[PDB]
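Construct all of the structure, not just a fragment, from the sequences and the given hints.
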Amino acid sequence: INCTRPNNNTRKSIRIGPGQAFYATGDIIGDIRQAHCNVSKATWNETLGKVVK
Amino acid sequence: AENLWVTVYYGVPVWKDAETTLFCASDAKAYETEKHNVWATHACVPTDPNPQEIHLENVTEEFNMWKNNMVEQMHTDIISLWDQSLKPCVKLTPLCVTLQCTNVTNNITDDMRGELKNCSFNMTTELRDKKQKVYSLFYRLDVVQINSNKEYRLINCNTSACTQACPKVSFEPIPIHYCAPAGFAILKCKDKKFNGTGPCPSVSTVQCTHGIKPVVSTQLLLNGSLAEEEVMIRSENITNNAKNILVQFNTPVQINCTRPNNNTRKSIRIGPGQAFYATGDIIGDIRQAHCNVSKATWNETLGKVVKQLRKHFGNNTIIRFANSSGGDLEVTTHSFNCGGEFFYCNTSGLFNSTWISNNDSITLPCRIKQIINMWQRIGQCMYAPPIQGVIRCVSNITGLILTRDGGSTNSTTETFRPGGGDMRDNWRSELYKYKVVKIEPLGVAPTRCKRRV
Amino acid sequence: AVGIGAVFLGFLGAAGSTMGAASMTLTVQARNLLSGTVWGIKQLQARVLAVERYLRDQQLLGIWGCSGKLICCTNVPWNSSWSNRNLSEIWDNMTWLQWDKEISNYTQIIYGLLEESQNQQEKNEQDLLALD
Amino acid sequence: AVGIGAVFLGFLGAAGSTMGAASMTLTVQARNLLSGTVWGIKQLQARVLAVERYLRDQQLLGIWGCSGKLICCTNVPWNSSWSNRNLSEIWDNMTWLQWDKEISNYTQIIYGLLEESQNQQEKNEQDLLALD
Amino acid sequence: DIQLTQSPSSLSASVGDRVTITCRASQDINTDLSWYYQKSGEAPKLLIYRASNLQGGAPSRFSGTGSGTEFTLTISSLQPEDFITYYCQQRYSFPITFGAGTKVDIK
Ligand SMILES: *[C@@H]1O[C@H](CO)[C@@H](O[C@@H]2O[C@H](CO)[C@@H](O[C@@H]3O[C@H](CO[C@H]4O[C@H](CO)[C@@H](O)[C@H](O)[C@@H]4O)[C@@H](O)[C@H](O[C@H]4O[C@H](CO)[C@@H](O)[C@H](O)[C@@H]4O[C@H]4O[C@H](CO)[C@@H](O)[C@H](O)[C@@H]4O)[C@@H]3O)[C@H](O)[C@H]2NC(C)=O)[C@H](O)[C@H]1NC(C)=O
Ligand SMILES: *[C@@H]1O[C@H](CO)[C@@H](O[C@@H]2O[C@H](CO)[C@@H](O[C@@H]3O[C@H](CO[C@H]4O[C@H](CO)[C@@H](O)[C@H](O)[C@@H]4O)[C@@H](O)[C@H](O[C@H]4O[C@H](CO)[C@@H](O)[C@H](O)[C@@H]4O)[C@@H]3O)[C@H](O)[C@H]2NC(C)=O)[C@H](O)[C@H]1NC(C)=O
Ligand SMILES: *[C@@H]1O[C@H](CO)[C@@H](O[C@@H]2O[C@H](CO)[C@@H](O[C@@H]3O[C@H](CO)[C@@H](O)[C@H](O[C@H]4O[C@H](CO)[C@@H](O)[C@H](O)[C@@H]4O)[C@@H]3O)[C@H](O)[C@H]2NC(C)=O)[C@H](O)[C@H]1NC(C)=O
Ligand SMILES: *[C@@H]1O[C@H](CO)[C@@H](O[C@@H]2O[C@H](CO)[C@@H](O[C@@H]3O[C@H](CO)[C@@H](O)[C@H](O[C@H]4O[C@H](CO)[C@@H](O)[C@H](O)[C@@H]4O)[C@@H]3O)[C@H](O)[C@H]2NC(C)=O)[C@H](O)[C@H]1NC(C)=O
Ligand SMILES: *[C@@H]1O[C@H](CO)[C@@H](O[C@@H]2O[C@H](CO)[C@@H](O[C@@H]3O[C@H](CO)[C@@H](O)[C@H](O)[C@@H]3O)[C@H](O)[C@H]2NC(C)=O)[C@H](O)[C@H]1NC(C)=O
Ligand SMILES: *[C@@H]1O[C@H](CO)[C@@H](O[C@@H]2O[C@H](CO)[C@@H](O[C@@H]3O[C@H](CO)[C@@H](O)[C@H](O)[C@@H]3O)[C@H](O)[C@H]2NC(C)=O)[C@H](O)[C@H]1NC(C)=O
Ligand SMILES: *[C@@H]1O[C@H](CO)[C@@H](O[C@@H]2O[C@H](CO)[C@@H](O[C@@H]3O[C@H](CO)[C@@H](O)[C@H](O)[C@@H]3O)[C@H](O)[C@H]2NC(C)=O)[C@H](O)[C@H]1NC(C)=O
Ligand SMILES: *[C@@H]1O[C@H](CO)[C@@H](O[C@@H]2O[C@H](CO)[C@@H](O[C@@H]3O[C@H](CO)[C@@H](O)[C@H](O)[C@@H]3O)[C@H](O)[C@H]2NC(C)=O)[C@H](O)[C@H]1NC(C)=O
Ligand SMILES: *[C@@H]1O[C@H](CO)[C@@H](O[C@@H]2O[C@H](CO)[C@@H](O[C@@H]3O[C@H](CO)[C@@H](O)[C@H](O)[C@@H]3O)[C@H](O)[C@H]2NC(C)=O)[C@H](O)[C@H]1NC(C)=O
Ligand SMILES: *[C@@H]1O[C@H](CO)[C@@H](O[C@@H]2O[C@H](CO)[C@@H](O[C@@H]3O[C@H](CO)[C@@H](O)[C@H](O)[C@@H]3O)[C@H](O)[C@H]2NC(C)=O)[C@H](O)[C@H]1NC(C)=O
Ligand SMILES: *[C@@H]1O[C@H](CO)[C@@H](O[C@@H]2O[C@H](CO)[C@@H](O[C@@H]3O[C@H](CO)[C@@H](O)[C@H](O)[C@@H]3O)[C@H](O)[C@H]2NC(C)=O)[C@H](O)[C@H]1NC(C)=O
Ligand SMILES: *[C@@H]1O[C@H](CO)[C@@H](O[C@@H]2O[C@H](CO)[C@@H](O)[C@H](O)[C@H]2NC(C)=O)[C@H](O)[C@H]1NC(C)=O
Ligand SMILES: *[C@@H]1O[C@H](CO)[C@@H](O[C@@H]2O[C@H](CO)[C@@H](O)[C@H](O)[C@H]2NC(C)=O)[C@H](O)[C@H]1NC(C)=O
Ligand SMILES: *[C@@H]1O[C@H](CO)[C@@H](O)[C@H](O)[C@H]1NC(C)=O
Ligand SMILES: *[C@@H]1O[C@H](CO)[C@@H](O)[C@H](O)[C@H]1NC(C)=O
Ligand SMILES: *[C@@H]1O[C@H](CO)[C@@H](O)[C@H](O)[C@H]1NC(C)=O
Ligand SMILES: *[C@@H]1O[C@H](CO)[C@@H](O)[C@H](O)[C@H]1NC(C)=O
Ligand SMILES: *[C@@H]1O[C@H](CO)[C@@H](O)[C@H](O)[C@H]1NC(C)=O
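Residue numbers (PDB author numbering), protein chains in the order written: chain C, 294 to 309, 312 to 321, 321A, 322 to 347; chain I, 31 to 141, 150 to 185, 187 to 309, 312 to 321, 321A, 322 to 398, 411 to 505; chain F, 512 to 547, 569 to 664; chain A, 512 to 547, 569 to 664; chain L, 1 to 107.
Simulated from the structure, these hints should not be mistaken for lab results.
Ideal Cβ positions, reconstructed from N, Cα and C, are used throughout, including at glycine.
Certain hints may be false.
[Claimed, not checked] Just a few of them, taken from the derived set where beta-carbon distance is under 10 angstroms, the chain A residues facing chain F: (1) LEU545; (2) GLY547; (3) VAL570; (4) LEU576; (5) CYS605.
[Stated by the list, open to error] Chain F side only, calculated, beta carbon under 8 angstroms to chain A, not exhaustive: (6) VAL580; (7) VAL583; (8) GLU584; (9) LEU587; (10) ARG588; (11) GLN591; (12) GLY594; (13) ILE595; (14) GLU647; (15) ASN651; (16) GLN653; (17) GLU654; (18) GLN658.
[Claimed, not checked] Cut-off 20 angstroms, straight-line C-alpha distance, at most; resulting in silico cross-link-like pairs (SDA-like, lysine to any residue): (19) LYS252(I) <-> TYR217(I); (20) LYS502(I) <-> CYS604(F); (21) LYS171(I) <-> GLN315(I); (22) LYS633(F) <-> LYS502(I); (23) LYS121(I) <-> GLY314(C); (24) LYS490(I) <-> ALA526(F); (25) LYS601(A) <-> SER649(F); (26) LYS502(I) <-> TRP623(F); (27) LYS502(I) <-> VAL608(F); (28) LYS65(I) <-> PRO118(I); (29) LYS574(A) <-> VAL570(F); (30) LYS46(I) <-> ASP589(F); (31) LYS655(F) <-> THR639(A); (32) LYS502(I) <-> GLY644(F).
Right, here's the structure in full:
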């Protein structure tokens, strides 16, 4: 099984108090698409068949 | 007779070497009151008198103090004990705040121009609705500027916030003893000219080492042991220029440090059961704390050290002493503790001389600090409450740490500068005549006798 | 009184003599084995270690069928393959450490033979007693 | 050399043979009983419990006057009530585990007989050696 | 290969006679060697192990000695059962080799 997130991310830091850091997401550079997973078909079909038998 | 059968023995005297955990032992005299001190807690078993020493003969053993155990062990123990003692004390979080500060013109001598700052600020009271205005004094080496108007901030504010020291605690060291459990032995080499590594024919065994006094210092050693024949020099590889050199003296030298200034004290309330201590007011003229040593004593001691050192780099050579090269404020100057305070003394006036082949007193100044981060850690500072009345103590100088500077070709001349910085060497200067071994009672040998049915 | 002192016999200090004289003085060592918040935890570890060490030796001596004595004989025959020399030099001029480093390699087999020898002895004796 | 491996005689794997063979390999098993900030306490407790168990059964063996030996006979006769059987089958076919399961009911009864037999025997012989 | 020579090739002597047999190696093999005995019709067995250790169960009249490229077997008193064949075998690096074989005869 292959699963991926293609979007790009940045990072940032902010100070709260004495020696206290906090990370917040920055900005995005390009378009955005949904992360997703892929699997095969024939392998799945045959495995389900064997399990049924 | 010729044919023979095996035989078994028990309790044979043979041993090997290994490592194991040691434990402590303290004199019962310390147990008499004195319940407030960082070290010397009551958990140590009371010691015993009349220690006994057993002599050995015909033995020869090899020693190597450089690759020695039971140094890091006591280092870790000291750090852990310090951290444990420091735990239950009030925090100092709310003080990080802007301040209004000005000079202090109260008959100060010219050398102290701008070394004291009078500051005022706002601070919450016990009831969270109200606030109050307060003031205090500070030294130049604890405050920083940011950006007409004048403002200042603390130096550690952006790094971390740390705990104020509790009022009633004692930093005075006392003798301590180390002892090993049953099934192990401690060996000592009593040769009076053994140079720290190699064979030793004269050996003995003991159960508990002699007294040890933990002390923290840099660029010098205080209240150490005294040699018996002459000044000795030790090192791992003297030819290499990247390794320090330890010099142990034969006779002691005396030194007097003093802070003639006078102080008072004041208390402020921060919250529920939260007290804070701040400097009060000064009473009269102010002078720099300083330290003194003799002259002729130092001269002759340096002469003897040079004469002894000459036996390695040929007699046709020149020697020149130079001050510290430079760097951060913690290695470049000799720092020490006396009576719950911390001084920083500039030693430029002691290693300024040269030597070729074939009632006056030296006085030096020092400075004061109030925020400390020792053991070269980060994120852990302290606060030292002020003390009332003058202070003065006296001690002994017994050893030096030197580092040889690089050279070029054979310039018939060499230079040395003070070094140090790592506290391991300070412990290593003492425990270089002790080894730990383990017993192996079993044994086997052939014998003419045969077992009977 | 004025010249009379004290001369005791101490802990392990006879390890500078021949292979033979040292064996005359062994008992003393045998009588010195079970002698009896972070700043006090390690004592428990030390005590546990000591008792375990003593018990291991007790068991090992027990198995070989020589318990309760300091000098015990056996039946396994010595073999010159392991070592050389004769009784005279061995018991006249040598030290225990020298012997230890000499026989270091061949130890496990020498240990191993003893228990099977003892087992054969016991098994034969059992039938010898049970036949009547 | 070349062409020879290595054979040992290890752990409980000999626990499927008949009655006779297993008793050959007793010793090895007997040797494997004393092998050697919140995680330390539990393992320390486990070690302490193991040591306590070893001491307990050692003492129990000691009471029956058979210390230092792996085999020991005694005077208590064997009542046929518990299990009649006969020598051939028990010493030929029966295995250890099934035998233990089959005689799991009459242990406490047996122990007291050995205890009292030893006590009476020792008391009797004390007088005989006393009149000597 | 490591050639092994057995001497004598054959021998004839009466019973009870004290006799010797020798096995010589082509090159030095230290003492990784053994001696086996056999009669026709029976499987071979090892009489002597390592040329220095007496195998369990063998009569003591047999004795083995030597090293390097020379090894010797001595029978103090011959017996009727001792009229058999012998082979010196090398337990060294590959391959594996066996001796020519020596026979004992009654005269
Ligand atoms: C290397 O080794 C040298 C030589 O030993 C050593 O110098 C000595 O250090 C010790 C330890 O600090 C010094 O002892 C201190 O001396 C003074 C004065 O005390 C003496 O004098 C008074 C007056 O006569 C006596 O009452 C007292 O018993 C001493 O003899 C102070 O630093 C210490 O005294 C405390 O107690 C005094 C009692 O009167 C107080 O007046 C004083 O303020 C001190 O505070 C006490 O009271 C406080 C409450 O008010 C309390 O909070 C404190 O805990 C404490 O109880 C201490 O006795 C000794 O004099 C030094 N010797 C010389 C010749 O100078 C070096 O220190 C050592 N090196 C290093 C780096 O430590
Ligand atoms: C470090 O910085 C701090 C910041 O707080 C300064 O502290 C203040 O300094 C001033 C000037 O010295 C102090 O004023 C003194 O107050 C005391 C009482 O006087 C008060 O009451 C009278 C009568 O109502 C008022 O006139 C006066 O202003 C005060 O409110 C006395 O020590 C002094 O009074 C003397 O002078 C006044 C006239 O000014 C006379 O009326 C008095 O009778 C008397 O002679 C003086 O006025 C002020 O109190 C301090 N504040 C705090 C909170 O302590 C430090 O001075 C400065 N420098 C240091 C420490 O060296
Ligand atoms: C998991 O499964 C998904 C869904 O099947 C699959 O997504 C596919 O990825 C490929 C590779 O990126 C896509 O193919 C592209 O689709 C469009 C339309 O053709 C174009 O972007 C590309 O074609 C040309 O266009 C570009 C112009 O800039 C050229 O640069 C490029 O070289 C091409 O010439 C390209 O074909 C495909 O559309 C999707 N979707 C599907 C349904 O296939 C994904 O790759 C699988 N794997 C993973 C790890 O997610
Ligand atoms: C810093 O250096 C100075 C100068 O050397 C040093 O003073 C010396 O201290 C040593 C060690 O304490 C003294 O020598 C011994 O010290 C004790 C004193 O009790 C004893 O071992 C010896 O004294 C004997 O005689 C005494 C007679 O009164 C008896 O009471 C005692 O039981 C012993 O029999 C011996 O003196 C040495 O004398 C002084 N020298 C002086 C004062 O001139 C100082 O101690 C060093 N600092 C530190 C912290 O050690
Ligand atoms: C999930 O990810 C894996 C890993 O990247 C993919 O495996 C890859 O599959 C492709 C297509 O079969 C392989 O390419 C082919 O490989 C051989 C030559 O090596 C030959 O059949 C073709 O010429 C082609 O190059 C590729 O090697 C292989 N990658 C690895 C690392 O094994 C897999 O396809 C992904 N699955 C899905 C469902 O997307
Ligand atoms: C403690 O807190 C008080 C209350 O905030 C501070 O006093 C106030 O300080 C601010 C900033 O300087 C003053 O703001 C401005 O002051 C002038 C006065 O002419 C003018 O521009 C505006 O009217 C405005 O208020 C403010 O006046 C002042 N308030 C009072 C009542 O004095 C004070 O500075 C803080 N003290 C410390 C030591 O931090
Ligand atoms: C102690 O320090 C001295 C130098 O003060 C070391 O001596 C030199 O050690 C180096 C590094 O191991 C040796 O390696 C190389 O030798 C030749 C000739 O100099 C050359 O290729 C390199 O310059 C390099 O130095 C060198 O032989 C050796 N001797 C000299 C004269 O430089 C010494 O090794 C250090 N420690 C010990 C344990 O010996
Ligand atoms: C370290 O050595 C320096 C230099 O000698 C010492 O400073 C000197 O100390 C003496 C003795 O206290 C001072 O004498 C005093 O002067 C005035 C009168 O002029 C008065 O306070 C006293 O009556 C006494 O006579 C001297 O002025 C002072 N300065 C100099 C340049 O000698 C210092 O005391 C020594 N430190 C220690 C801890 O011993
Ligand atoms: C560091 O301070 C000590 C303690 O004050 C200084 O030693 C002391 O010096 C004075 C003045 O010489 C001695 O007082 C008198 O001196 C002579 C003997 O030198 C004699 O007339 C009397 O016995 C009288 O005490 C005092 O004894 C001496 N303290 C001692 C020996 O414990 C020391 O000089 C100062 N350091 C330096 C470098 O000056
Ligand atoms: C540690 O104390 C010594 C005491 O000598 C200091 O060395 C002296 O430092 C000054 C500069 O601070 C050197 O220069 C002199 O001062 C000024 C500005 O340079 C000027 O009036 C003169 O031109 C003169 O050069 C002075 O020469 C030097 N003393 C000697 C004998 O060379 C040293 O700075 C102190 N170290 C620290 C880190 O404070
Ligand atoms: C380190 O040692 C050197 C060498 O002894 C010291 O340099 C010397 O310092 C003194 C005092 O400043 C100089 O005396 C001066 O000489 C001229 C007049 O001849 C003039 O500048 C002043 O009036 C003063 O008398 C001396 O010449 C100088 N010697 C040199 C440079 O060779 C240096 O002070 C020592 N450092 C410390 C911290 O003690
Ligand atoms: C008060 O202290 C300030 C620093 O907080 C002094 O300011 C410097 O003083 C030195 C030494 O006189 C001068 O060389 C500098 O030019 C001054 N300014 C700076 C920015 O460093 C000040 O002189 C002290 N005295 C007074 C009366 O304010
Ligand atoms: C301390 O003494 C040892 C022993 O003399 C010195 O190291 C020896 O150096 C010689 C000469 O190279 C070698 O033959 C020995 O093997 C060395 N022995 C050991 C134990 O290292 C050593 O240099 C001396 N240390 C100092 C700092 O002078
Ligand atoms: C040390 O060696 C000498 C010389 O062999 C020997 O006589 C002596 O007994 C040995 N032991 C000692 C001195 O304790
Ligand atoms: C400073 O000097 C003045 C003038 O002599 C004097 O009145 C005042 O008390 C002195 N202050 C201090 C703290 O010495
Ligand atoms: C230094 O002088 C001494 C005097 O004993 C001599 O032995 C040594 O060789 C000399 N060393 C040199 C000149 O390097
Ligand atoms: C032991 O053997 C050595 C070496 O051959 C010999 O010198 C010595 O005399 C022998 N000692 C005896 C047999 O007591
Ligand atoms: C043991 O008893 C059983 C049951 O009577 C019998 O079958 C078996 O032969 C007996 N075995 C003997 C006497 O060895």
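Hints the structure fails to honour: Those not satisfied are hints 3, 16, 22, 31.
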